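Undergrad: Chains D, A and C with the ligand: place on chain B using the hints.
There are 4 protein chains.
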Amino acid sequence: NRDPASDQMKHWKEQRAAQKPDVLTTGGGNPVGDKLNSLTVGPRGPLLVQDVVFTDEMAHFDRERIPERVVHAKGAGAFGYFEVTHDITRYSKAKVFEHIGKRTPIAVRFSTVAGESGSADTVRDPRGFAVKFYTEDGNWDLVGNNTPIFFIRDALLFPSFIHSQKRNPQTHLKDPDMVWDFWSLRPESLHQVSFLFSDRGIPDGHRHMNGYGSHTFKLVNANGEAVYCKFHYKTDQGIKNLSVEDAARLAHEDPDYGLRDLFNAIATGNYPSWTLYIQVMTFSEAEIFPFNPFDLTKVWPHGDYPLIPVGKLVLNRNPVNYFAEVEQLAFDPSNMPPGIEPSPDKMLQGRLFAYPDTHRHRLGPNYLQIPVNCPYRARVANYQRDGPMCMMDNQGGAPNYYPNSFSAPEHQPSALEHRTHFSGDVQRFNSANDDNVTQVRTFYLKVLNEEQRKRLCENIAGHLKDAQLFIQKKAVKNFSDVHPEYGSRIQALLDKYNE
Amino acid sequence: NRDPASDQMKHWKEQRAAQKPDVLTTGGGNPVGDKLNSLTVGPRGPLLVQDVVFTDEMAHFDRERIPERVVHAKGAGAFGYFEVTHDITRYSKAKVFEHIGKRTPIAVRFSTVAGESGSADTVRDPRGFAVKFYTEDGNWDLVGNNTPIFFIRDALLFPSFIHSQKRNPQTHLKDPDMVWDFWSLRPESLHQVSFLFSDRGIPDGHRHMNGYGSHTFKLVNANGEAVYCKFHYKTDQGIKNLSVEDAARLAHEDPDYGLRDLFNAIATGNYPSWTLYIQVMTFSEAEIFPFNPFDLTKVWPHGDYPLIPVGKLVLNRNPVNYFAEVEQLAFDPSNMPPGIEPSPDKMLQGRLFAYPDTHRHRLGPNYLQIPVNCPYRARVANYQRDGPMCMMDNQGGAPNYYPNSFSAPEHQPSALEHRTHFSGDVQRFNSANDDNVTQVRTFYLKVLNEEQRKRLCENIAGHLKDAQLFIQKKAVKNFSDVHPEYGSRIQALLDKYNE
Amino acid sequence: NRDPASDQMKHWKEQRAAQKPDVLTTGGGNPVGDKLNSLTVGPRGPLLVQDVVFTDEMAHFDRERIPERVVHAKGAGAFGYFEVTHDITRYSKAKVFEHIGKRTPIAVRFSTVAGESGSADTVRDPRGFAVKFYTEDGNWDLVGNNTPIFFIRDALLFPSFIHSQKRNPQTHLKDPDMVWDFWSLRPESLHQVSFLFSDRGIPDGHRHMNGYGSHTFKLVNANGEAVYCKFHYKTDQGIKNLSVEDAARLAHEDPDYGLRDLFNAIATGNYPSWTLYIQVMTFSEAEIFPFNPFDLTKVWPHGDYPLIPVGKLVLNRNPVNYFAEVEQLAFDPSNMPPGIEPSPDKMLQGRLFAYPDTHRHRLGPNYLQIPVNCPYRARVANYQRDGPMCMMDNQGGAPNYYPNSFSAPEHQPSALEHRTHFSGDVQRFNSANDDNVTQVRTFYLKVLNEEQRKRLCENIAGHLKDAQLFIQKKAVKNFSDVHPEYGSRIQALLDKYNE
Amino acid sequence: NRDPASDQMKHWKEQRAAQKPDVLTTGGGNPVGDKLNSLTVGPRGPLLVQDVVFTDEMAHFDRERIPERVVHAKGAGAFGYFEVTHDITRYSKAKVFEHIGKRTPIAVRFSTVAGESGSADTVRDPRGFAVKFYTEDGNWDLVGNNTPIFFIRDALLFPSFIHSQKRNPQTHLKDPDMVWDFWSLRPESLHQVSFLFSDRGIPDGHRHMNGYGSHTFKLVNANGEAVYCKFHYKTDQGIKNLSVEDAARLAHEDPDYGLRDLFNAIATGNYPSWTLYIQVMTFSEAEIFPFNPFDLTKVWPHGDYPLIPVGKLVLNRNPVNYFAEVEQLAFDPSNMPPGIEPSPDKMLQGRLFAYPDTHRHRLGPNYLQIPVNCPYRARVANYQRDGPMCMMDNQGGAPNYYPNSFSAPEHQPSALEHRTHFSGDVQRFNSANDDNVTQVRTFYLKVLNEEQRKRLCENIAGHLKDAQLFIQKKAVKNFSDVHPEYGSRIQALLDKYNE
Ligand SMILES: NC(=O)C1=CN([C@@H]2O[C@H](COP(=O)(O)OP(=O)(O)OC[C@H]3O[C@@H](n4cnc5c(N)ncnc54)[C@H](OP(=O)(O)O)[C@@H]3O)[C@@H](O)[C@H]2O)C=CC1
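First to last, the sequence lines map onto chains B, D, A and C. Going by the entry's author numbering, the first residue of the first sequence is number 3, and it counts up by one from there. Going by the entry's author numbering, the first residue of the second sequence is number 3, and it counts up by one from there. Going by the entry's author numbering, the first residue of the third sequence is number 3, and it counts up by one from there. Going by the entry's author numbering, the first residue of the fourth sequence is number 3, and it counts up by one from there.
Heads up, a few of these hints could be off.
Because identical chains cannot be distinguished in the list, a pair is counted as satisfied if it fits within a single copy or across any two copies.
As the list claims (entries may be wrong) - Straight-line C-alpha distance at most 16 Å; calculated EDC-like pairs for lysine to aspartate or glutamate:
| hint | residue 1 | residue 2 |
| --- | --- | --- |
| 1 | 15 | 138 |
| 2 | 236 | 85 |
| 3 | 456 | 201 |
| 4 | 22 | 258 |
In short, the hints are calculated from the structure, not lab data.
Chain B on its own, in the form it takes in the complex:
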């Protein structure tokens, strides 16, 4: 006997042992009489058009694939629920927090960032940790990473960062010059790069890592009062990492290591679960916060802003078909129910456009009609109609315009947004020089110990040594600008790596 993942078909057959196999039909429901030999003239003659059995199957085979995700293509998925355990209704009116003991179905996707569909699981990368809540006020998508922070803090750079992290356009190979020529030209990546190359760059499967919302968000309660917030869901199975040595072995011994581990855990009743916390910053604490509280390369320190528990995330169910239920999942940060609102984070504002945009391409204009994407615990009612591959009654014969004197849906005034006052020139403000070193300096000195600083510098050198000298030189100076000894240790190792 083997692990449960390997016995999938075995169990599938056992769970059907009594009933008879179904009839094999065409996509049109017509039974086929033989699907192992083609319609031909004589045993050694040519194929016929009449054989619509071959065409109908071959045609659909020819149309299996869709465009993989432009980032976070390698994914693992599982389903479960979220349960409220504490009371934060003084901050947010969101139904998903309405009372202790309330559950909501969730869907999760774990992913790497750079690799394509076929890439190994056990590499050095950040990890996608997206969560879809199916609430009654519509869906809520918390599309977070395993990091509170990110490498850049203005969306316009994002296509550039991702191009630098993916394949050279001519050679179609990973390029350390592209990787580091960007990172060293944009030292705002100092805070996140440090995180990446330390021990938690390679987590041991998806159950031994935290998730963060990273952005600052806005909560809104029943009085109309608003605060800013951070989301942290911390692993109840404990932070556990892989060594460089063991990550590289598994990278060829089991390219689907994290996928397997997740499925096997759920299958044997070993259910992973996370603890959702929030931080809270008042509007007037945001005015005096020493950094930009919406800077995505910054955290809120725990001494001044402690973690306030909210509930538990539990995954207890495996997908049944991976394509339908994991590959077609779409998470839109702009899916926010009343009570949860975006901050002015320059990076979050961009993701409000990008995700629904890319989802209309990747999946199809009516991608929200796909079951796993469908807000199936709310009533979708509005004045949008048509589009390719319409799948419900298309809202019936309801009046399709607004306003109207025929009682088609109405707006709900309690769901209006919180109103903030803003004043300033409409222009492009330079954010390349917000404090790029301070919170990193703290991380290097005060969070890491002696050994971890050693391994941090070795991991950086072990990937920066393939970049040209003028690129190495500038990166080292950036590291020097956090701590002299930081750059020194990397520069001592690069002197050796260069022979």
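TA: Structure of chains D, A and C with the ligand alone, referenced to chain B:
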């Protein structure tokens, strides 16, 4: 008080007066708070991307249209049933014919041929009369017209024909030189053209014209014995035509005359209906048939092959949403249930491929998962997976390959095709010189009376006068080949029209 | 001999008489050996798959259509040039106005609003008068109508307005209840409805109407100083209109009357031309203007803001292929060169998004690479890469990220936008009760004479009579709010129309 | 300094040192003023819709991906030429073989089979070796593999096989049970499976492997006489393989090993080349041939049918943009110039439909208009019009219908297909028990030595051990049927692997 169609909204409100109007949401279910004023910074300030409510709706407004049908774009639709009244189980084992009193749900779409989606309903043009039978053996599409014949008999001439009947590629105007340059060079059109320029060329709506499969099909019974057949469905409401003068007033008075007629008819209870007949020809009779029995420009005369009644087509239901239920209708002549099979009719062979092909472009790769197109009375199970906009469970975790030791669907041997023997060179055979005037001579002399012959030439002459003279000369010569009087009457009128 | 449009094929053949016809190939460049008969097994046999000639052509026939414009679908196109004749460089620095005599290639598309591709040209409807200027600084699309104003003044009402002007979602029929339930509920439409229902509702083709940009636009000069402006391009052929009687005869005698008129004119050297004016309003005059100076339902009176000539628009070239040059034409109001900027106009703000959004759907992601859409007077260079159907080098092996130390394209600082100061609450402001009657009162009394006021009410009553009584009452009341005698005349004619 | 691939960006800069950097625009050509900072209201304010620069780059970054290939997704590409070195004009009249010394431009793509876009190069799999000749008679796509044979010999089983070779639908894990449940039920895979688990299962890059057209094809000379042939192109660099122990290291040390090798060879002037041979079998030798001469699991032994050399394949140019020139590459076995024609091979026949079908889905309706797929050395001319993303003049104002009197393209009678006589019942013929072991017995005993048989059995058992026992026993039985020591060796190793 007005005709029922004009009161559509009025009635949608009355049928609802007992409820409260719904809540107006986004596509993602989120309630809208204001959908008449945009989110801007100051009363006379600019628009924000934070206004996702605008973008959600506008993005779907921008994607409302799909490609119109490349032919038969202007159409009318309704639903009803087919009911068996006579026994033809000796010829066909199809379940749709199984016993007397058997009902089957049907969908119908009426259409013109050349006009695009905005054209007028009351114009000279054939009429499409497509019927879809939702049988337990899968769907059956009988895609027929209002005429038993077509203008051509090889599918390689079809795109040409359509282009000649549509707009000038540079001026975008209907071009008489294109219509008649083609018809005069291809005299095999003389038959259908004579039908087209007769009174029936302009039916008084869709309820007063007959339907025809036109093609020769094949019927297989339970013993494996096969006959050839034609399908006729005649109007129970009686043939009734518009005159050129009335047709031209309605064309601007009410461009949607045949849509309004079909709708108000069903709404006011006047259910239209048709009587389905078949002709039968034995394989032997096919070998001695003077003409080619698979030549789409020939009828089987009624003296030699009388009409055998089958059942009743009835339309008793109006669509609730036009787009969802009529514009997305896709009829595939290749959808054939066991007991019905195609003949070698060259024109039917080409339609076996073309319709599914254009449905994957017009509607999409999985258009069969659109409700009206779904074989919702059959159990569709096979090894076809994925594709854009996949909407069921994608057949779940079932094994997706055949053969397989895990009891996925199995082929049904009794659904194999009838075996016919063919012999000959694989080679493009010339069919342009099959008899092109005999059956047209009979029609002119023995079906039409004098008045009708008189009008036939005036309708022809009124359109052919716009073609250059050398085209005129050639078309007249084709008509003289049918009957010298037929040609010389046309020519007498052209002599006048040419001043 | 006939008119030039109908002799189009005759000339094509004449223009080629010297040379010999090309070889018939497949889409892959393979010569065919017969394209009139299909490859079959014997003369009466079935069709084969290895007839790739048939497949290659039919599959492309099957994909001829794309989506028609969601609005303004019926159109006619021509090309020519714009010539500067006066110096407005003190208001704008745009290269298209650089010096007197500077010409710029243009492309113009005329259209109606509500009809679909097959509808008639001579109907009551606004007209689209779009102009594309191919300047050195990129393309400038001036997407203008034949009115200075529009029915609404918020873009959130557009989908609704167009829904109410189009077909009933269940009967697919034009619905006078929708039309006037909307207009009566939204009286802001009083101004444009009064234009629509007067003589110029039906122009005598596209060579006898004026063009307008309707929206306020911003002009910026070389010093950085801004002003607000309107564009008027008046016809040098003279205003000329059709009567209700002649418009309706021509709606069935020549559905393509405006297209033929334009084509014939150009083909006979009678080139139509238009005179481009601007109005100018300073930022100070913008604060004291009696109404909102960005309200699309308002004009700037000539006495206070006179016309300032600019140049000529001239159409002297017919399209060679209508589909490739007129149906694939794409205008974007967001295509604006340095010198010309949008005003805060709530309607124009939304056209900034809607058009590129719809163009990616209707045509494709890279619709800007289609010839007629291409800024072929400019040099495109940036960091945008790939997409469906990429057709040039894709910009080669150039670095695809920014910033870079590898001499990829750079920004141009002198192309930065003008800076304006805005202040106020970010909220959705009500514009429903902007003065809806004052400028209409002036039109009714001071611009129309006794005869024209008569016909204006008659045209209104003819169409408003078909709507329910409660909608009539409301609409008349909106007309009495302009002038008692305005609502009176309409009510006396409706009294008659209701028997 | 480093290898040439890593210095791609360095060199691109050097090759431009003399010029100035371009100007960064939008896609419409409009210059940008800053592309590092987003347009916001105040330094810490929300993003605006007015920021079209952001939308135009993000909207295109959201649509970068296209569906990877359904098979052979991981690939490597170059360009070069084919040169005729011998005369085979007595067999084929094709213009690519016209005279000794004639050159044709070619395009090659190497590829694995099962892995997706991100998998490793150095795995056990067959290798694609597609070749596209740009002929004056239109493209010729010789789409070969690195083996003369395949696992199956009917196309209906192909989706199944592939499904069995890829990922479990539920676990998204490679499944050994699936692999060998298929392979053991279908022992016609014995032949190719023995090829795959031998040394040549893992070639040392794409330059040290042969290429085979595999299928039997037809040649036709100028007299209309025809023969059958096999295409073998053998590596001029010599066969070279990797050991299991080196392939697994490289699989995590350089997943793109073969991609880097190809580029580095060409970039350093070391151009790889192949020698094209053919075998020939007369129509009369095909009749007596002991096995089915169109069976894709069978080779033509060299003693009886010796290689005849034809020409050289040389690759001497790297792609400049990988996506445009390698990812968008499209081969069609159906692209065949006069002189070359398909054999009745059941597999090949299916491939005549599949490839254009999937290319329309993957790339788009007009994929042949992409530069790298264009037949840019023939003149394409026909009656196919329009489609999404229409790019040339759409063939201008030419008559779009056939036949016509206006001198639009004409068919070429010399380009008709060779005529073969076929006879038999139209039915589905069972080919599952054509000889499945003979040629495999010959390979095991006569081609492999002692060591190689040893490594063959070790390779097979190492992967079959993970399959259930009832699958093991069957597969072993299929191996005993080739040779008792074959299935007994494998059984000895499995006995140990099962502890
Ligand atoms: N006739 C053919 O086209 C081929 C036959 N074979 C095998 O050879 C057997 C006998 O044919 P015959 O022509 O009389 O034999 P020959 O001795 O004439 O030729 C044997 C062929 O086998 C190839 N070969 C050698 N080792 C391997 C391996 N590990 N994997 C794959 N191919 C290999 C060689 O290709 P190379 O020239 O590259 O060394 C050679 O062309 C067949 O049963 C068949 O399995 C294999 C390939 C082609």
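Undergrad: Next, verify each hint and record whether it holds.
TA: Going down the list of hints, with the structure as the test:
1. For the homomeric pair residue 15 and residue 138, neither the shortest alpha-carbon distance inside one copy (37 Å) nor that between copies (27 Å) is at most 16 Å.
2. Taking the shortest alpha-carbon separations for residue 236 and residue 85, only the intra-copy value of 14 Å comes in at or below 16 Å, while the best inter-copy value is 64 Å.
3. Taking the shortest alpha-carbon separations for residue 456 and residue 201, only the intra-copy value of 11 Å comes in at or below 16 Å, while the best inter-copy value is 43 Å.
4. For the identical chains of this complex, residue 22 and residue 258 are neighbours neither inside a copy (34 Å) nor across copies (47 Å), given an alpha-carbon limit of 16 Å.
Comparing the model with each earlier hint shows violations of hints 1, 4; every other hint is respected.
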